[PDB]
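Single chain ahead, written as structure tokens, the form deposited without its partner chain.
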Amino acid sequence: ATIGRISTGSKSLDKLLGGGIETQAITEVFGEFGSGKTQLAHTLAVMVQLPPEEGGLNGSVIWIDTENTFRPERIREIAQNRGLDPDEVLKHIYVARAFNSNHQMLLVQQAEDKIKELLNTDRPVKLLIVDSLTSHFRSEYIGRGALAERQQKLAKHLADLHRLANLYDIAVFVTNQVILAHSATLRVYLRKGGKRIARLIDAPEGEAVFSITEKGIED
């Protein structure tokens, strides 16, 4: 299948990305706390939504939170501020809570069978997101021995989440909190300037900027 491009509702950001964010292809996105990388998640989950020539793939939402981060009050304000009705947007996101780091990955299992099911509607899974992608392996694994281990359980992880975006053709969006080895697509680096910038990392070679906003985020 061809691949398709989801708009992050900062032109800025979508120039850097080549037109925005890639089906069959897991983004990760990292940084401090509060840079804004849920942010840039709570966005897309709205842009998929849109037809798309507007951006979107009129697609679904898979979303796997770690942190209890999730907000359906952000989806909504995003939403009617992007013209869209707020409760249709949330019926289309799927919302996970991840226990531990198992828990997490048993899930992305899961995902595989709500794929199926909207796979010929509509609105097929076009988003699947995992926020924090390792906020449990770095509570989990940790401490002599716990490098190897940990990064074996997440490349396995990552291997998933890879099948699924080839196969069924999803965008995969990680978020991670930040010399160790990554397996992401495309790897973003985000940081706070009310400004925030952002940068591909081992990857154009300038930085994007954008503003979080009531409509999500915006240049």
Contents of the next structure:
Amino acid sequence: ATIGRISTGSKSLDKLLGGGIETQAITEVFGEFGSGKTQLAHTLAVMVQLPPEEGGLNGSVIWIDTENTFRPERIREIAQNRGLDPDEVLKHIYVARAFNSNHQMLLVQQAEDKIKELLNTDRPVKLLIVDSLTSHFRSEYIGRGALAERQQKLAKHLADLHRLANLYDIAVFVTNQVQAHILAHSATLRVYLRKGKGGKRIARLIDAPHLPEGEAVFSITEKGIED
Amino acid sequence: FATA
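Switch from the form deposited without its partner chain, shown above, to the form solved in complex with its partner chain and output its structure.
Below, the chain from earlier opens the complete complex, with every other chain and molecule after it.
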């Protein structure tokens, strides 16, 4: 299947990404608390529902929320300010809260059932969010021996997510809170996000020498994100 | 999962 691309709402970030985030890929955004990772997730969960000529994929959303940070009111705001019906946009976002990392892993299997259910509808799943990908793994796998064990479990979880992305033509979007680099990562594309002044945010592609080497700049607004 |  040919890949698809979901606009982020920022022309600058879209150019950095070659048009938007890709299906059949895992895009990881990482950065400090408050950098805007979850704002980008909320924005994508609306943008994906737009028709293709407007930068969406007419798609539904699966959202695995590990920090109780999904906000339907934020979806509503973004949708209304983009000309969309907030209640209809919310209808096509299917959210589960992950209690711990083992539940988070099982939820990926449950996600496949929802993906299959919607595959032949007019709004197949096109976006799968895991926010936060790493928070439960960080709290549970800690101390001597944990680096190897945590990395193995996280790699297996990411492999399961890669399979859904690739088998069902879905863009997987995951968030990871960092601080202040030595660990392996298996996402397709890694985007470092940081906060500038007020509502301004700066994005850079990490370890992607074949792709744009500049930086995108965008603002958090009532439309989600915009230039 | 549950619809929002």
